[PDB]
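Quick heads-up: it's one chain on its own, the form deposited in one PDB entry, in structure tokens.
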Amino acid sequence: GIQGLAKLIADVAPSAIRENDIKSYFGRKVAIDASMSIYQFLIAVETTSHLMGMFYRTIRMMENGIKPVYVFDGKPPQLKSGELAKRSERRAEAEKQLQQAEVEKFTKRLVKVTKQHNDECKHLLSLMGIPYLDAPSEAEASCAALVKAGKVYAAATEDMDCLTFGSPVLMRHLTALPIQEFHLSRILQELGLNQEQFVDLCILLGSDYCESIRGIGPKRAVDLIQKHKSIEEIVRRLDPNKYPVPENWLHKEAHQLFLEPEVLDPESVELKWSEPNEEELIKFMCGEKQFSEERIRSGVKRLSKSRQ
């Protein structure tokens, strides 16, 4: 995510954020960041919470006429050609910050979406008749591309860096309370920045891909981006003794990653929603995952009715 982005937009561009009832979305298609959704199900208060949340939160969407397409993460982006970055390195950064102390905040970040979580959620979605795509890299980047192409109305994720990846519309809290909807065009207009400049502001705010300048906070960053437009222009004017830039700063590699990310082909995708398979759903959820037969049978019934 982008450190303090949702709070900064609430201060500078409040009219880009709108809170709406889930009843206002009947008939809409959304691209859900499945990796972040599974993560959110695992951290809420062996485990089957990933399947429980996937089954009941998807049935709720279908009961409110929302048609979801789940997008799963592929390989992590590589910023340098010499090194091999792994998503577990971010969880290692979260473990250092945890033992220092916001204690609960860093405890959530340790949680891994395992191989078994992804495969069992894709198995559940197939039985339910819900389509899913595998993104070549970040699912939030592919959710944004599906929106730009007009394939779906919005990207549904808790990840603010979906705006950084260019998603025109971002819906938050769909798998949780009203839906929080962000409009990128309105954000860019109120800040007086184009997408390239917004990506550099997000870098200075704090992203998962590189460091941000120590000493330059959120208000100072907006100002410096409004005046100088780029990070290369800001660094060439900062006092190197007052504000030293990070050593071996990957800000250029992070910028390219956000502007031209590796995304799925939206035209290769032919979205279909099909009838749930009740017999195979009971055998998997109850027979294999020890779920209550009556609670599953009831959910499948609500889901079948939602289509017809």
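Residue numbers count along the first chain shown, from 1. So that the term is clear: the rigid core is the largest set of C-alpha atoms that superpose within 1.5 Å between two forms. Compared with the form deposited in another entry:
Core-based superposition between these two forms shows that, of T107, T114, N194, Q226, only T107 has its Cα displaced by 2 Å or more. Superposition on the rigid core between these two forms places the CA atom of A149 less than 2 Å from its counterpart. Residue displacement note: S185 has its CA displaced by under 2 Å between these two forms (rigid core superposed). Positional change of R87 between these two forms reaches 2 Å or more at the C-alpha, relative to the superposed core.
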Second form
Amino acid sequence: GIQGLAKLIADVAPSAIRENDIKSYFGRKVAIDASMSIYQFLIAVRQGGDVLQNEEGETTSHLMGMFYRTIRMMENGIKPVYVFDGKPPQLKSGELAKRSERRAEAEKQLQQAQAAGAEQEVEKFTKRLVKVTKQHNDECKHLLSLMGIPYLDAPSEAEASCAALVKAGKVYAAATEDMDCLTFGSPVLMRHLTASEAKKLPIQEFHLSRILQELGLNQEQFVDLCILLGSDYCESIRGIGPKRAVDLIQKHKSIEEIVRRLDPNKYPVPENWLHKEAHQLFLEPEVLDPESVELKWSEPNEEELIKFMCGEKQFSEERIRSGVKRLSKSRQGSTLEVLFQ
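Previous: the form deposited in one PDB entry; requested now: the form deposited in another entry:
This part shows the chain on its own.
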């Protein structure tokens, strides 16, 4: 994401953050970063440190989360479209090499904690090694089809396509925890949208327009600010944190100008800094064409959903069947059948 962004917004842009009750969202459409939500289920949904799985050893945590949460959203008249990641931008290569480095380190550690039967430390490294795979994505897509819930494949970053869907008015907001979605220009970001039966946190909306107003920036300058906070796509300036980045952006407006003014002895810039390229990425990312697919929420295929979730994945038939009935009735309540003229 962008290091410190959420906090910075709370501290110096408090009014960009609006809370509303789940009841106010009846009828609203939202774009969800599917990979991130899958990740949250893999990580969270363990029984005895082990994922849920069917008897043939296949993981089912992601299916559990994405079946039941999606239905809860629909019960509240919230209509989600799931967006899946595509090929990462080249600028991300450095950051990805870093990740694989940590994954390598985590693999080593896992192995040892195993030898020393450190079952508690083994659970640590296992979690750290959690990875959303292509099979996880394909299985969720399959599930969503059966559920009648639309999904889209982004050409590159999913959060950029979510942003694009919001700007185009195809959904109300991008539901994600990753603030770089705002950096990609999303007018609205919603966090904590799970529609939990036992809500723990309130539904939050971040309005880009309020953010730009409070900080007194335009979007170019806001992207430059985020770049200075620290993004996945290039280096930041050592010694320049949230407090100073804000001051410098407000004073100088652009990173180029910030370079021309910084004392190169005190604040040397990264070597061959790619800020200009990352700036370009955030403002003009590769995104799907939001005029291309028409989002629709369709009738759930009950019998196939039972064969897949129950027959193959070994979910309780009563729960699944009950889930499908609720989903079907809730769609009926929030959705108009197609009309021809």
